[PDB]
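Q: Make the full structure from the sequences, and use the hints.
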Amino acid sequence: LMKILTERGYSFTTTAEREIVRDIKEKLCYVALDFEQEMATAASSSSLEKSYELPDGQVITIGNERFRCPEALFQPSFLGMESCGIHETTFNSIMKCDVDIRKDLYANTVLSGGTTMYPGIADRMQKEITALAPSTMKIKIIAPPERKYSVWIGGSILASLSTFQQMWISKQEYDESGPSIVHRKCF
Amino acid sequence: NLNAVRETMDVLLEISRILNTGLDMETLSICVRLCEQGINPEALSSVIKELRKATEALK
Amino acid sequence: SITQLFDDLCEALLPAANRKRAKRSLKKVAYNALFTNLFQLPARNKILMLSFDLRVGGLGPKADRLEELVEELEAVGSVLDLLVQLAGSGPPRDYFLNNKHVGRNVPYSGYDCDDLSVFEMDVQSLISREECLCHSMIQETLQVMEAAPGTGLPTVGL
Amino acid sequence: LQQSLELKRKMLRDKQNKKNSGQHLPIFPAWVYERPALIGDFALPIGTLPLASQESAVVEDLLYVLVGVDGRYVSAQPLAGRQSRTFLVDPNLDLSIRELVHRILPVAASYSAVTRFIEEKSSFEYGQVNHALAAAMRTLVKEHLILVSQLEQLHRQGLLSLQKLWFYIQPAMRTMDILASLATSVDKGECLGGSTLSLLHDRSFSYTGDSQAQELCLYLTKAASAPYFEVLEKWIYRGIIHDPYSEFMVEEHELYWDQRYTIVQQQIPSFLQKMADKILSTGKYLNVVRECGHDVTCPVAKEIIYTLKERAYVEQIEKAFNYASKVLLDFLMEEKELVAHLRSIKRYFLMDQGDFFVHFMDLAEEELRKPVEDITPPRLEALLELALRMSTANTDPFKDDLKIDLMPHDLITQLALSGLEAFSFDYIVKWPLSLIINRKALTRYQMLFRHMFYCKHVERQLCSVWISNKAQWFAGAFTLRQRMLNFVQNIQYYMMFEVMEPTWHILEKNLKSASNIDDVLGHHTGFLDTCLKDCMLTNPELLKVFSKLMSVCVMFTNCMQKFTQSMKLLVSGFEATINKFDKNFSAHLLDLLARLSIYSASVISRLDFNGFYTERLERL
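Chains as they are written, first to last, in PDB author numbering: chain e, 189 to 375; chain d, 17 to 75; chain c, 3 to 19, 29 to 51, 64 to 98, 107 to 123, 130 to 195; chain C, 150 to 191, 202 to 414, 427 to 586, 609 to 663, 673 to 771, 814 to 844, 853 to 872.
Please keep in mind that the hints were generated in silico from the structure rather than gathered at the bench. Backbone N, C-alpha and C define an ideal beta-carbon position, used for all residues, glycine too. Be a bit skeptical, because a hint or two may be false.
[Claimed, not checked] Here are some of the chain d residues that sit facing chain e, going by a computed Cβ distance under 10 Å:
id, residue
1, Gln53
2, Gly54
3, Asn56
[Claimed, not checked] Within a straight-line C-alpha distance of at most 27 Å, the following computed BS3-like cross-link-like pairs (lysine-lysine) qualify:
id, chain 1, residue 1, chain 2, residue 2
4, e, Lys328, d, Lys65
5, e, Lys291, d, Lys65
6, e, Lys213, e, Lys191
7, d, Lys65, c, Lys34
8, e, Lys238, e, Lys328
9, C, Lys445, C, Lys490
10, e, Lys215, C, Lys393
11, c, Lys31, C, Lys393
12, d, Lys65, c, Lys39
13, C, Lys473, c, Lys31
14, C, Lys157, C, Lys393
15, c, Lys38, C, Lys490
16, c, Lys38, e, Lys328
17, d, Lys75, c, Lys34
18, e, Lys213, C, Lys347
19, C, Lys347, C, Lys445
A: This is how it looks when you write it as structure tokens:
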């Protein structure tokens, strides 16, 4: 977002406007279903603008740019990104798993992490995984809007239970089996 | 599409009534929409009986 | 869409008389019971094999309906695969039982007193509730009227 | 008890006159009290009987007298001067047992004024929140009957004697003692709805050194809060209320914005006393909107449950306040706009435009000069429409609202008469928007506009005589005209650029930060009253020096000078009155700035930009 506004000809290098665009990226964002269709609707005449006048005093919103901002993971050469595309990475990840467990593992695809900017990308992600998958495999994408605090609520579930203490390591076992065994006991 | 799956769901109610199931309308809607996504339903038949049992242990 | 209906399912198992934290704890036990088992042949044929088990114990028209509907439901199979295993988790005259008077059907049938004897059970099934009520109103009130003093109804325990 | 009958009659009359949504509510059946079969509580020698027969008969008749019913050798007599029933043992009873009887009887005393309490609060008149209160004080009477049945079971096996019964009934005179204290204070006077829920919330502080009683009173008011919260689930989340039995704080009245809903303070729960204004506001905002069409139902309606020290109605009512008072405001500001109406009051009254008004002053001059009742309002309306048509006043949807109105009184209604100070505008509002900005606010805008009108009006008069003279080599009026013109233009620089425009900008920010009408009314009252108070309408001395200065201004322009009586293209008597007007102007100008100094400032420091004539003469 910083790069596209500064190459476009709009002044942005500053921390305060980075926080204002982070706030708008969390709240006002809306992301395309496809690469082709939303560029077609913006190409006929552009109108996808959700107008935001902030009480901070700044007026910054363009509806065309924000569905294109996370869309660059679909084709990385949009940004120039060194990292591999998402579709190919998922295909390779299923390829480097065991072949008999392949179908059962791909029947549970999960939303997680900082890519929770808007759940409009989740529909696009489900569409891309439907297009990836053949008829000889199953999909099942679980789609919670619990994707932001997901890391928190996991640990809050686990440590509450008393039967999970058998996989919680003590002082005694930490002295008997060394420091690094916390990597191995964790399961 | 929503008109079709509604009619098929309305037909699915009567046959879950005469087969004497533990379902009512809400767990029928959640489990039919869960089966639409597609996973092995033989394990869902065990998780449902576990969910109702684990809620019943609190009461 | 699954994520809203599992929320509605957790709304129903919450008793509505606070009560905004208890739903999330029921969500804890809900996911904790969901991943327990996940840690460790056509669709319609499964209906056919149980329609046979229906036909052996009487009740012909119910199997006649069960087989025709799944025929037009195959002209969704995972739902019936879910239903064939949930068929044991359920609950634990008019003018046609032995009507041989009116109708354009031939009155020609022999006697066996095992169509009429399960017409005496069609009445006795009404009466076996309506007799257990007469036993279960006096025992239910004599187990509460008689106790130890001070622990006889828990409203004195306030 | 005779008092209860009078109370129920007064109850139904009170229900009837308050609202038309409760009328002909059910009168409780009279045959309950006359039949001695429809209420809870209804010989031989005793002196020649042997001791075993005496014990078995007397433990039995005491077991009956516990529930206020006629036993074997004991009966029930009318009360006395007492608050629970006394009873009638057959005399010649044993004089050892006569004392022990008097220890078993105070349990019957603590039941007798409980059943005669419950079968009076079954009536619809007494309220059906007092009913459910004694419907969970009905459960305690079920435990009393359970106890009587238990001791009857023991008596057949020979295991009920006079001592055993007295031991067994101590749980029923340590938790039914509390009920026989509350029951004769709920019964006194009128009591229903929230007021009983205040009376049982004062018993979590009278019972603080006792944990046994503190939870029972809370349990009694936790079952009585369940019918009450149903009525609190209508008034909070709708603009309407039904409430036939008046079991609630906020009544509907059949006679709108401050009259249809009134807080009844003998109807509150004490636990909602702090939040009573929040309740009334949240309902009223949902009333005043339901007549315009749109949302009246809160999309988040919360199911309310009672607790204390973990309570949630101190939070859940504020979560409804913060929707209702934000759906009414967001309705008003974007449709039937109250931002645009205030903008279009600023455009003319607080005088944003100058084009419209310099057109209007010359177009309406002939009508303005003549006094009141020598002026025609429809002709002024036509001139108004024309001067509106040339300038930016035909570009907003609400240009129509301006009407011609009269008020010849200047500063004798804001503390004959010529037409300039009898000339008024009225900017109307609709019936929904009259609730917020009313007749009084419009009067204050009217008088403030009347004030700005004069300065702008005489500004044209000084100039017009300056051009008409242009004689060409005269300088007598050319210095007094300069003295007056400096003042009449600096009033409209000072006022417009400090007193009016930035505080308007501050109000334009505060309404964007408004979230409730209570916030709106204060800031609107603030802006209106302070901008009127700086101007010469309301002052500590009323500042009549300004009105007399403007009078000698109009005299100087037309009633004396007369365009230098066509010497432009007298007997030197006009020079003497020019001198007199200079002295009058200097006196008024010094006195006004002196008053601005003595009261608790900028117009002085800028009119005397280098100290110009700050010393000419001084006050004594």
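Q: Can you give the numbers of the hints that this structure goes against, from lowest to highest?
A: 8, 10 and 18
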